[PDB]
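Note that this complex is displayed minus one protein chain, with the remaining chains in position.
The letters A, B, C, D and E name the chains in turn, as written, and every chain counts its residues from 1.
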Amino acid sequence: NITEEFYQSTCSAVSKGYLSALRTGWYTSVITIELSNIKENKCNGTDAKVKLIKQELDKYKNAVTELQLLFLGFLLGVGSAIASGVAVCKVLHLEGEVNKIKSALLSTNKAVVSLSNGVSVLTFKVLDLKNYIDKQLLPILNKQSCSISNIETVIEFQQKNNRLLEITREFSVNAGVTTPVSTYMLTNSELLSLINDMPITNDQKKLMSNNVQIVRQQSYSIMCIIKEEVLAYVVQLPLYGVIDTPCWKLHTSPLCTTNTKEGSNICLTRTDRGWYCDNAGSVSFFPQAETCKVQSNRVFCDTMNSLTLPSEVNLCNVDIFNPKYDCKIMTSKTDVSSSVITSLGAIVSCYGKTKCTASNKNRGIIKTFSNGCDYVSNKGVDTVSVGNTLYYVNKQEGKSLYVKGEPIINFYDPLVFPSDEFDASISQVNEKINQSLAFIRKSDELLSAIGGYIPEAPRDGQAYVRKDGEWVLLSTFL
Amino acid sequence: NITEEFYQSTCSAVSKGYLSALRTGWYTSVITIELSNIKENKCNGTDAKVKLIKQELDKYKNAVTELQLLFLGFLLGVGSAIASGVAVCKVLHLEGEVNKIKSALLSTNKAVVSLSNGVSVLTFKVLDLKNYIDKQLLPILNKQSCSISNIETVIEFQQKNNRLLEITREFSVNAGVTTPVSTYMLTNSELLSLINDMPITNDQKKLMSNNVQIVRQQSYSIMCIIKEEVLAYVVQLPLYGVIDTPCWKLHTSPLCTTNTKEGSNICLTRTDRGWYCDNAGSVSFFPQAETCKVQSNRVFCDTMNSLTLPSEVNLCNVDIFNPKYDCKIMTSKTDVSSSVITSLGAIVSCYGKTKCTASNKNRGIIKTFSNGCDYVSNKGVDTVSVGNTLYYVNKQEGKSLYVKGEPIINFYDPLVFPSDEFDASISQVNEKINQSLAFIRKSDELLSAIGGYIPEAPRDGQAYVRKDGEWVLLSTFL
Amino acid sequence: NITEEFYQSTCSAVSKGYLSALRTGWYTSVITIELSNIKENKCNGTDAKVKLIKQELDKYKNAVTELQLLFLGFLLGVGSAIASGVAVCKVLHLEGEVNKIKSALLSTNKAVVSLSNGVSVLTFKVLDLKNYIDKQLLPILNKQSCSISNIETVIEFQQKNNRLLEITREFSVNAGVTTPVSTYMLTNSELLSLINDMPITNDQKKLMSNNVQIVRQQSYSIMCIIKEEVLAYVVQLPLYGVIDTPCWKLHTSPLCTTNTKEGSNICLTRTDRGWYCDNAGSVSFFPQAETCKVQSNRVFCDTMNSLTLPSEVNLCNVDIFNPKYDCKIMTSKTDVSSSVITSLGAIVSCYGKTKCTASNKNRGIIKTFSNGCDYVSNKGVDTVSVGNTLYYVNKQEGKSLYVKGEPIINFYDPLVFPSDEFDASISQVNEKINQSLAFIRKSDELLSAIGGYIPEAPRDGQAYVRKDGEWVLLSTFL
Amino acid sequence: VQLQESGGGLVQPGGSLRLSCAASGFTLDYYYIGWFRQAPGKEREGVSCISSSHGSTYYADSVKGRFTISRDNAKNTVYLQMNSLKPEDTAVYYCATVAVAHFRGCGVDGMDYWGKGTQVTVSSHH
Amino acid sequence: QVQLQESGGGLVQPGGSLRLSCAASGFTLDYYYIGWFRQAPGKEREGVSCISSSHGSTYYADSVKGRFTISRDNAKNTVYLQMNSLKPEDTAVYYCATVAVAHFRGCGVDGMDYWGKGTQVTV
Partner (left out) sequence: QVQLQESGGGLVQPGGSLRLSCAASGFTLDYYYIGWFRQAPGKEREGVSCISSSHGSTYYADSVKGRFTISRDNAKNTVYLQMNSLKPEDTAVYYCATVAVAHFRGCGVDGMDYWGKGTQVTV
């Protein structure tokens, strides 16, 4: 269920029927790889297979060494995305701490370990290279006289070691911090059980499990420490604490007058475009809709990129002049033509001499737009053209509603219209219009009634009086 | 052939001699890999080679399971870049649709199939893993008693399977959508034959083949469906419907007055910077020149990131006050120093106490800039320094022309200069100066009546008359 | 040692104690791979191992052909990041140029060659594929009758060839320019020795070596030429010409009045946020603090993303009204709530009905913010919440200082407060205030004089004079 | 704003016990409610969180099956039913909550408001 | 305003030749791509030939490539399709179509914006 409404009155459109998925928090798990501690490589044998093993063994040592050294967006606050992952990493550097983990994962690959004052983290040994090298390659390289291992062991070692090399590779060129978290960091099976073993509700687990690829894109892997043959990096996973609350997407486009004389036109655009989701009695607003990802009718966003607004913000849709919320807009005179592709259609801002059309696959052009802001649904329409720009429309199923209304740009007197307020709003524009309007309301009032007053009598040594509308010498009446 | 002209009057410079290559549309191809359907692996043998095969076979199955779950830019409209590819993908989920494709590629790896109401798509079998495992590996893993394959088959399977694994890898961390399109998605040979069979002109096929690396940065790979042992992803390729029209790049920098008092200066900057290309009787304007990629003298852009402008926009270079086009500019009082590196030189805006110089490799400093906006060509100059910021210049061959002219910022009276217009233009600033001029001429008119009319005579029992501009007692003249 | 100061007076905070690392210049190095020239592959043998070699050789051949075809940020200037690297590559295309290098690296893998007019570049042969194929595989593929090479050579060639394939892979989707420079491009040992051999001071050599993972991210690898069996690409490395000068980070957040009527409030924000570093007697200001990466107390920046400022810019922190620098601010009436996470705490701008708190791990909410701008240190605080946005704070050790002072937004009379200055400053704000005041000083001045004037005396054949506020017949006083 | 746990008392092993958590100062729809416990000598640990609107639930592994959590919007109260109590369940049980907007996982590091606790003892002695 | 009118259709014997003309009105060829399409009875309509007005660069689908050749006269504002060695399977209605080069999105029935009314060809 997805529906859409276009407001002719404000050159904007609301898409509804969406379900929320808001990242509200972070969970940090600690992923570990158990390591082998191999200094020198003792062998004088020039056997090809053993020769390969030392080259493969060297890639392992080198990897270790590398790892050892290791619109309204401007209104948003500023977070520290990995502040949480880093704090856990800081805890990991204490001496007694690693021994706890190493001991915890002694007989299992999965374990909970409590850090400092109460944080419970899930821990995961995903690869035991210590066991593999110590039970496989130990007979062949702990002695001069070297046991020429079968060819299949070389391959297997390459296979097992390969995971370590890519992880090292990723960290080496990303200064220990990667995103999205790759399947080298965490396989599909590993991740799925991690989510399941996470301290979260059933609703979250179901949502996350069916959309792990999104979970990966919103996760961080943080290289933390290599010490006492244990390699550990912190994985910071998104927590979606708000799910299945209603969401809607607001699309906007410039609404301008269409007078004949060029440069004589004025424009206005709603600046409050973006994703909106009901949240805790308020409304979460994401102005940069590119920070949200949509999959069918589920929308994934991050609260770090949101504002929290009163629900009356919705009124801007029904009544952009409502007295309860100051809908935000910008003004200009740059009447260039464009289109905004919505969920279920297209808004077309067509001005001047620009050619604006819509076409069908087999039929060709089926609607030609006149100057102004208009809309067409995706039913029977496949493409839209504005100027030299071709737009493919979205073919998702859903009903559109065309909400008729006088374009609000018509309500302004162009002679006092502030066309260069960028960070403006309805109330703010009105205030400035009243001031430009006030000084003309009063100046004309003053230029009148100014002439009802008597001019100055000539300045000479003679005295004057008023009679019949003119000054008469006092000397006359003497 | 690349040339450049600098205009001192408006502190800007144009580089020309470039040839266009504009993406105007989208083509969607469907790429397929024929898959094997192998549930369980029947073998009790602990032979090393067969042991490896089950691990490699498992990577194939694991891959399957993962794949089974799946400046003036702000004036631009908003598209849905892969709307077309996704639409084609939507059609592919319909029943029987996949069956159609599988039959087409039965006796060939290349075939055309028309979808729904008329769209003709190209199809490509790039890897047949079904055939390889069923004719190679089926004898070894279809029976308990297992045929211990030669070591060369194990190696071969890893090579062939690796592509599937890498392809699988990319999509899992990109939610089924990748860009740029890697050589795992589509090899060079695969792409080239795709280009040859495309419904496009000969000129386009040639352009794409000589610049395949660019095609990848502008392409999308869209994971679509896995069903009935057929893996299919849609690849969305750029269509360059505009090639070899003249192009030019506009560079701009702030133009300010150079009065001694730092808070007394006013500045102006052309906002219409970007790439320009002749296109279909109009001019395509790309304000964010970073959306374009340059190869020698050929420039690849995307019309989705363009405005469609009248060709008269070029006039702003020769006459920024021309009456036919309102050249776009911004104004401020922020006279900070900076530089813009052009195709064939460098613009230097040097103001205040900033140190600004130009040096040669071997000679060292050869020019010291005075306050103002200036330019130097790349001939005999290697670096430019403005304040603590060092800029290296482009060393490409081409002639520069310095067009002398009075800085237009000098044409404005600072007392009525709108120093706070951001989204402005020449006519608008003039227009605003008019409102500002109106409000001083009229205000003076009103003040032009502060003393010429007569005030009230003092309130006492005495009578008064007018003389020399002041009230005089009547008793005096008696 | 990291400390932080919060200025209550301006709703801003400075974190200091950081040490600089500024890229001031560029070093261009030349990286080479010696190639084999193998046109056709002569062998009719269907031996499994040799079959594999021609396929890998084709992979070898295929790679070559592909390579053969080959807040205040808006105020910054525009550079050419790889201008130096591209220029050096351009020189390498000149006739004889390639021959010089090949001779230089004849007996060593490392050598210095001086180009054109005096630039001395370091050259590095990192892989000799010419030697390997010509002494290993030539006996097996230079003859019909082919010497069926052992399996370890097959493995070995794949290992050696793999680097070439990956280097080629990277360049193909990056149009010959990659960043960060991967470990396929340049191993840890390779990079380190290059750094050691650079024409730089000891301070620079030390910095780069202890932070090689950062160096990769700030370097470019530029694919240049394949000619006369020599492949060469230029690696452009950052020169950090400024080290260990003081740096500080400026955080800012909106400052509004807290009057009950929500539409009655005014806001102001310092716009000069970003990184600041002492540099050569001035201060380098990086408005886009995201272009810098911080590791403990070392801050890595690029001067290309900086302004060069008078050191007095620092005065805005202690006295935003100081007469020596015009501190930059923006104004609005948009009192929306948010938080800024600082180095050692969090700034909270809490307005209207928004709920704002900070919590600890075990204790929960420990401070509830009142409306206004406030701050909390990271000691004993773990999270901050503003509206629906949860912020994790930085847990780094360091002392914070809360600097008390009257919020400066309180100093403005709201009736003349210019709430629509976006790119503004202190002095500029004063200027508009003076103008609103000028027009009130005079409008009251004029209205005071016009309200002082007397109406016309009655029109009859008699004369009048003024007394007790109305016109009285002269006949009366005679 | 207050939270009040109740229902603590002496239970014999194998016995059952119900705790109540009265919410004041907020409405349930917008929040997550969690139950926590701290056993003797032990660090305080999570046991169960629930969504007020939808009723979705979380049970730690240790009690999964034995413990059930429920909520009554009308009575503005949250209940933890405990069945088949074991002496190892002897602990002080705490009520906690968080704005769904601020949800950061169930768990002591994920709580914003805390009750004063209620003691539970599973044992035969007297 | 913009219209297209095809002519030159008629009955041909197999192996015979025929030239079709496409008259453009309301626009000039230079800013456009001109394409020829066909629909045989009962069958879905398929592309046959596109040409660039400016460069004269051409496109021939695989089915007719070699036998059919397309040309343009900028002066007459007309696009011509020459058909050689006609076969009975080529019996179809032939349509002329165009798209602005600004909006070019490939040859193909889903890639056209304007259509002529057609002319019938029978072999």
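Throughout what follows, a contact is a pair of C-beta atoms (placed from the backbone, for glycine too) under 8 Å apart; a residue touches a chain by one contact, two chains touch by 3 or more.
Colleague: Which of C:241, C:364, C:387 or C:407 sits in contact with the chain that's absent?
Modeller: Of these options, the touching residue for the absent chain is C:241.
Colleague: Among the options C:44, C:46 or C:202, which residue touches the chain absent from this view?
Modeller: Counting the whole complex, the residue in contact with the absent chain is C:202.
Colleague: Among C:9, C:24, C:178 or C:400, which residue is in contact with the omitted chain in the full complex?
Modeller: Here the residue in touch with the unshown chain is C:24.
Colleague: Check the options C:114, C:259, C:264 or C:435 and report the residue that touches the missing chain.
Modeller: C:114
Colleague: In terms of residues, what is the contact footprint of the unshown chain on subunit B?
Modeller: Given the touch definition above, subunit B has residues 355, 357, 359, 361-362, 364-365, 382-383, 385, 387-390 touching the missing chain.
Colleague: In terms of residues, what is the contact footprint of the unshown chain on subunit C?
Modeller: Residue positions of subunit C that touch the missing chain: 22, 24-27, 114, 118-120, 198-203, 239, 241-242, 244, 279-282, 284, 303, 308.
Keep this in mind: only the chains that are shown with their structure count from here on.
Colleague: Taking contacts as defined above, which has more of them, A-D or C-D?
Modeller: Answer to which pair has more contacts is A-D.
Colleague: State, to the nearest whole Å, the distance from the C-alpha centre of subunit A to the C-alpha centre of subunit E.
Modeller: 47
Colleague: For subunit B versus subunit E, what separation do you get between their C-alpha means, in angstrom?
Modeller: 36
Colleague: Can you list the residues of subunit C that touch 2 or more other chains?
Modeller: Residues 151, 361-362, 387-390, 422, 450, 453-454, 465 of subunit C touch two or more partner chains.
Colleague: Show the residues in subunit D shared as contacts by 2 or more other chains, in ascending order.
Modeller: Residues 44, 99, 101-102, 104, 108-109.
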